[PDB]
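> Residues per chain are reported as follows:
2 protein chains.
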Amino acid sequence: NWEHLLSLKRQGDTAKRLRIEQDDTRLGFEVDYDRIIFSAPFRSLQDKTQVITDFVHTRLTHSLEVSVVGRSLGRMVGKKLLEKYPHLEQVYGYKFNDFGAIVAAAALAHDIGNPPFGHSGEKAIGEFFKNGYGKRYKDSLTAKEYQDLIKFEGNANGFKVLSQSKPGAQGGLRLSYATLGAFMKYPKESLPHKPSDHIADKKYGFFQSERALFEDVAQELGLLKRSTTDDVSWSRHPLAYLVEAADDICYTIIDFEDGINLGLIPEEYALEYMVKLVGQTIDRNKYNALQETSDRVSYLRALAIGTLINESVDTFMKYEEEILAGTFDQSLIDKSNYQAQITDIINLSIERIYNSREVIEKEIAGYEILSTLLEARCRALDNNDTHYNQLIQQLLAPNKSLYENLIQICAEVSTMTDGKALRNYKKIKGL
Amino acid sequence: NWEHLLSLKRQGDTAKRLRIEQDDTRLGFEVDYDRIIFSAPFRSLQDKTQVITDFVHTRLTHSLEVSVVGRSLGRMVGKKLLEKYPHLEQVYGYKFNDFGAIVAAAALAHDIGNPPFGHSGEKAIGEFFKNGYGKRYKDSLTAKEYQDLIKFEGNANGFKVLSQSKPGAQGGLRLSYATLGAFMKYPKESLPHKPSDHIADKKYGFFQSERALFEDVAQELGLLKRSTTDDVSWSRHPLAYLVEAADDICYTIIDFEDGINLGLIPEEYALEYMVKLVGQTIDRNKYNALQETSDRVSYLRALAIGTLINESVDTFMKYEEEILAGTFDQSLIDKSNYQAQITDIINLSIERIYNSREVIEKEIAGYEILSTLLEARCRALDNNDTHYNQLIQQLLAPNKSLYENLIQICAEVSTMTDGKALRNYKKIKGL
Ligand SMILES: [Mg+2]
Ligand SMILES: [Mg+2]
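Chains as they are written, first to last, in the deposited numbering: chain A, 3 to 401, 406 to 437; chain A', 3 to 401, 406 to 437. A prime marks a further copy of an entry chain.
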């Protein structure tokens, strides 16, 4: 039922929030976007680079552009959903911009919990608790608590960042449950690990510390159960497919755009890899008149993203009922008519960007930086009386169960800006 | 007439664009926002700091937050305007989110053309042509052409950045004329200089190179004439008052928030300066429970901005007819019941932030950096045959009248990222 999937509930609410009773100048879904923009975690993305460190390729700009693509996807699907289910507007008061706001807010916050250095950063945190100093806690943790650590997931840390309760601030940003549902691409716990090849089982979406929260979210949204055991799992909020397509589209096309502007990808490849995606719409005489490389590739990027947005909207509507029933097993982009071209683009980015020497060097350095901060925090946790460990406390974590302390340390190390992680690492090593 | 003020015209259009015939998933005003987000000038704000250089206080984040405040102001005024003038919706099809989109897009682009180093940067460019090397061109320029240079204005450069025609890309971002009108806080030429004490005459809003464009914009919007001579001037688009209030509100409250987080303003001053603005709404027990300084001041900031948004909306509606008639002589914030508290906040920021030693040092360094780049570009313009000047050409301006060349040099030097301006300065001096 879409009416339940479009929940305006916020954590702690004691009474229902009806869509028809909202002030449209203060609509819960749009407030969610504003709350993210002004949050300290989102602002910190100003000082967080992607794999390439050019000072003009931040995670902030990526997140902005993903939210813009998400708003467009949500608006377009929202208009068509209100055509399919007219009672949603005539009776319940939903409007097509409501769907754009939900997708836009969830897409804006997708990278908010990810550690520095990309997938290497997640992998370094996991290795610390699997084989590093952190393995000593294995026997003091449940299997699912330990799995949170050895397979630490930036998606699940984002959910924690958005919802974490603190003195004077219960519920974090207190986003609408529809937004938290659209945010949750992997609505399962850390265990069991990859039970199938379904896209929603590739990773997990919440830590044990947020299990009770997502239980409240899933029951309020009426998400369909995928497990009937104590290992909980649900079918994805339909709008999470649009959040994922926005991310897939931007990662594919914009990484390519960046690789060309940065010199990693020869410009001579631009047309060849994009011709299928832009062929019918490109004004070739306009393309040839553009004099700057950055202008030519941004034109191709806009055309390719527009093509993929329109197709993703149509794919969503073709499979809407399978998605609403939890039987859609793939991503929207997996069904694309351009899958072969998308794959060639992604593979070229892996070869020329993600496996470039500068990116490899940065990830190797990231492993040391994160491993050091985790060991410093964890030894300070185990012996908090020594003078050294008191200083580490004042520096890295000023102002609980063992698991709650360990997951908090991972969450705090993960959300450090690049500048503060390297600086603090430098001091703990004297540079 | 609001119907004309809400023009969807884009530069070069040969036929009218009726509001009632727009696809609401592709509304011209919302497209304007997206085009700015993806533009190279907006992305470059990632590498442009405000006066304080902390790496977590960019002009990008400021612009984002101003656009969020602007969207809220536009939404709220838009709803009330459609109540006052119901034919705008029933006959012409306008919706309250239309006004939010226009204000949001114009506010997002407000700082896009400003040079580095703030007002010192504008002043350094002006001094170069008034008393530096650039004074030699005085006699080759009209009075208004020369005034563009000696009083170089970041507001007018923003209009150029948004609209500048290039091979393969006529019209720049080609924003809706309503958005360009809401953008224009000073709808006059560089001469005459400050003809009155009206807020709209404090500066000017377009260079001679964009005069013909803004003439097209003002006639399409039906803006009221303020001069009947060859020195052209118009009354402000009413929505420009909301763009200005968003900027005024954010500059006042958020500079204060930054000054406290950065240590420049003692935290003990936070409540004293904000008590009048937040008194009725602050949950003092919640405030006392917040443990981090950044959390306490962001709570006060949200309360003060909400207070000022609500009041600014009411001030706009009280004076709507004077604004529509071009007889409103002040800013919206000038009529605020908190003017005295706002002034105390602004004065404390001037004393503790803008006059701090680190800010003074940066502005002094900015004068040298910009003066050097301007002299290098201008000597290369005057003698383009020498080997040195060919290298300067390849480095700073790869790929016209004397005035068009000089204003282009100012526009390009102004939009340089901090990193590229300092690096290029370093090379021209060998560091
Ligand atoms: Mg992403
Ligand atoms: Mg500003």
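No wet-lab data here; the hints were simulated from the structure. Any given hint might turn out to be false.
Claimed, not checked - Quick partial rundown of chain A' residues pointing at chain A, CB under 7 Å, derived from the structure:
| id | residue |
| --- | --- |
| 1 | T27 |
| 2 | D49 |
| 3 | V58 |
| 4 | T60 |
| 5 | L66 |
| 6 | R77 |
| 7 | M78 |
| 8 | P169 |
| 9 | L292 |
| 10 | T295 |
| 11 | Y356 |
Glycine is no exception: its CB is placed at the ideal position from the N, C-alpha and C atoms.
> State for each hint whether it applies.
Status of the hints after comparison with the structure:
1. Among the interface hints, the one on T27 of chain A' holds; its C-beta lies about 5 Å from the nearest C-beta in chain A, closer than the 7 Å criterion.
2. For the restraint placing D49 of chain A' at the interface with chain A, the shortest Cβ-Cβ distance is roughly 5 Å, inside the 7 Å limit, so the hint holds.
3. Proximity of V58 of chain A' to chain A holds as hinted, the smallest CB-CB distance being about 5 Å (cut-off 7 Å).
4. Contact between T60 of chain A' and chain A, as hinted, is supported at the beta carbon level, the nearest pair being about 5 Å apart and thus within 7 Å.
5. The interface hint given for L66 of chain A' is met, as the beta carbon of that residue sits about 6 Å from the closest beta carbon of chain A, less than 7 Å.
6. For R77 of chain A', the interface hint holds, the least distance from its beta-carbon to any beta-carbon of chain A being 5 Å, beneath 7 Å.
7. The beta carbon of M78 of chain A' comes within 5 Å of a beta carbon in chain A, closer than 7 Å, and the hint placing it at the interface holds.
8. Proximity of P169 of chain A' to chain A holds as hinted, the smallest CB-CB distance being about 5 Å (cut-off 7 Å).
9. Of the supplied interface hints, the one on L292 of chain A' holds, with its beta-carbon coming within about 4 Å of a beta-carbon of chain A, less than 7 Å.
10. The restraint placing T295 of chain A' at the interface with chain A is violated, with a minimum CB-CB distance near 10 Å, outside the 7 Å limit.
11. The interface hint given for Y356 of chain A' is broken, as the beta carbon of that residue sits about 21 Å from the closest beta carbon of chain A, more than 7 Å.
Comparing the model with each earlier hint shows violations of hints 10, 11; every other hint is respected.
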